[PDB]
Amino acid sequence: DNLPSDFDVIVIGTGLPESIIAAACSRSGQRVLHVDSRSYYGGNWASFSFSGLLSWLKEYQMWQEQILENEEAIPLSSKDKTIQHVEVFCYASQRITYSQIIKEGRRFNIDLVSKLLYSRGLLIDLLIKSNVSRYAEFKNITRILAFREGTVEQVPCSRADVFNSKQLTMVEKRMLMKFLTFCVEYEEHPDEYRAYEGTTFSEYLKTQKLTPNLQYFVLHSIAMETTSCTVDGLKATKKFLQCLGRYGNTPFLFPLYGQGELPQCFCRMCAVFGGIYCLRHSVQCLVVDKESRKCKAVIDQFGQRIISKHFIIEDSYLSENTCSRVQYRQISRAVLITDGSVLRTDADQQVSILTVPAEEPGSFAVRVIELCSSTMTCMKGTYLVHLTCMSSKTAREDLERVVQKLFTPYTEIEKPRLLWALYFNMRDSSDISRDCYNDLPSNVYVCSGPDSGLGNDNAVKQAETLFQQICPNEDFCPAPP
């Protein structure tokens, strides 16, 4: 087969936002070409088998002739620089040994992105409406966890939980119900919080009918850095409460095989409606009409000039020159292979989220998501643990302390054993305005990579905003006929 010379939309990168927009454009009738320079889908949203991940690690450890005089070229990146400070530690022998992890390497699906799916939210709504939901399966998150004086414990997550709690006094239960009842319908009691709109949520809670113990739970386990405004906290608290019980006792779900499956789900929709897919296919440069200033085509790695009306490019593919003024943020990540849960119980197949507030000001709160083998992301006998936080320093510097208090790296003596650990910082290019990039043609749209939030509102919103610009007056991802 041979690649067509013209398309309506060319999308470079198969991360989550790019794939949702590709699927949206193809569904609406646009002829889409979707490429990725990698030999697998997802960009920084991908998951890996264990050997796949070892392969991924390594990395971070002329067309001029075809340009006519009335055109100019904008070269694209030739090397990905979104990943920094990779540090891998193997504590297992080189019951479970390193050799056993390798043997069962194909049982692992290790995400570069640690996120959960809110039972009610933009992505789950989109998955259901578009019918992309048929391409995946999910597991309920069963436990919300927190630290109670150096000890990890499960926090109440339902009416029944508050009733059976022996850790809250009768007055506290009354205070809590009263307060969460209000949070649910908060926007209906304006003056109730009006005076505290310009103050932090943490400060607000201090002026409410709640003990400090209760305030802590609300702030760290429900609303979930520390300077967020009162209204931001109320919206968060309400969202959490509203999600309760839609699919399970908590507000979250997690996709079977990992988050890495989602981008592929949207790419399939794109493919189903005629989108054309080329992995292992990079683009060398954009061809811009020197006069109109609009991008006319791309020249790929094989020197083929391909025409399009719209060009969607994920940030990591733009050159350092195009991005010379951009100020990125960073995300600290850690991936752990462990041999026991952070909270041991009879029932082992628990999927949990533990929040770890910053010990001292200056650093950010840490999220810890524990995946059991039934999530199909790790081998039987292990758990896959993901830690995440907005970065302060290197990922190991921001995260090793938390790892140190939850696990032991030894075989000989409570703490589950840490078998394998990976630390890395990932570029956060979310919320960056077009104007930050240099000389972008108006028909070149930029997608960001993963953001640091728990859910996927950022990816869904940017995709819908782009879709509106490219396919005005069209429905966004309607179910197939």
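Positions refer to the first chain, counted from 1. So that the term is clear: the rigid core is the largest set of C-alpha atoms that superpose within 1.5 Å between two forms. What changes on going to the form deposited in another entry:
- Of the residues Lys309, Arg174, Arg148, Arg107, just one CA atom moves 2 angstroms or more between these two forms under rigid-core superposition; it belongs to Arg148.
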Second form
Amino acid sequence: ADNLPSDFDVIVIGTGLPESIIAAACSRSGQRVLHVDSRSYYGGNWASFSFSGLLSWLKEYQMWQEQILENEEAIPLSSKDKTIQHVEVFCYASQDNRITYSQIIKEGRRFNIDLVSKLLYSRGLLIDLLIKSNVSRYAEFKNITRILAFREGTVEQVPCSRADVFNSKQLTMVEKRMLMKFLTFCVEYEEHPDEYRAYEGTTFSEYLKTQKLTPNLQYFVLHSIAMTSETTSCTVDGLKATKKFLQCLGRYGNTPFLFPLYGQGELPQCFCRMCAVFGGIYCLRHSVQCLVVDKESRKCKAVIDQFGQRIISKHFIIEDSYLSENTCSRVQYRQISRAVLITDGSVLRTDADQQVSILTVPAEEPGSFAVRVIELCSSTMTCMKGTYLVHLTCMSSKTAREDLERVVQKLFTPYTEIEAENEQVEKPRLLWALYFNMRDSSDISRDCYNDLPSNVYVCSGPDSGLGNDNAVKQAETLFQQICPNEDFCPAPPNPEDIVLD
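Now show the form deposited in another entry, given that the preceding structure was the form deposited in one PDB entry.
Here you get just the chain by itself.
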């Protein structure tokens, strides 16, 4: 044994979140799974890195014909990843309360920089899947403690939990009445189908206009509570979002969001573990050269790895980045604008340092999209003590820097050796910044890809949204095609399910 087996039921290429969930599901159902990756770490474009690991990651973006048997043809795979672009790095801190770049390097292992900036809702596809499958035992979570809004070009905490409201007076009593009344209504908008009657055909932002709501509250709801594309979302879509938001409140904290200790990057490994636990065989630093197609049936028969080994399988799951440019000549990708910052203070300073916040900045110019800002504190185990890790994300328009620096500039001020009259009133300092674009291959039809056999499935990378619903949904959909009528990631066996005398 210990020699890699030459046949499996399922072969999965890429250890991104979607891929790992589907590998877990197949393995859990009883399929012999082989899960490979070309990188030396798990995650693919869902990974997180130590500071030193990130600099190495940055770098990059700045043997089988004799195995093809009779009656077969090959579909070469990609050998070079091209999902990242426009990498821009800036180090404002000094090179060697003042955090120098040298301190960052020394404590580099205290950082866990996610390539993907998302959050978990108290209830949703991923969290519900973590609890049901028990993959949740593999992680610890932190609660988001603050919802922030950006109006008038200024930061401010938005009261959400019906309590948080009555513990503040940032709103008149005429607006508060509109609030409870409006929220209590959204919490069950489908019970009063007379409030969004004719607005069904129109968008949500449009709908909010003609409501018993000022512009202020109309703002908070539209950008901080619903958080939906105020343009690319109709009334229903908008109300449904608010309901989701509100219902998730108070389940764990004063907001509807949780963040995994050590970062989003832990999620794919959690699922990969479940796959392993149930028999999955893992191989990192293990690329596949090509797919082997049966000229007769037209089904994919096997793969040939970088070592020249033929490995047979019934189903083949491949993450988009591994397909050749030829296989992808017609695909129209979208892009994700990302920015990672290491700061020495919170966007909104307070006594209680260890806070995890999410700020929403609406698009200012046409053609651009809402920017999501997530602030992590050291106790989230993603950055060293004394700093904050801020993640900015938005669907792309132009390059990452062009799309986001504008927002970074309004919230942070580049570190300098210029002491100001009073720092406590000064904007937080930016010590180090990274900008980059990531390919968005989500919501792309299978047929957009050329000549891929029917038993070859494709996984997309991450999307630009706040949650992981796209990662779960596609996995679930895949499982339905590979294992018809089978509980998806059922809960592992338990002696307590059926209690006897």
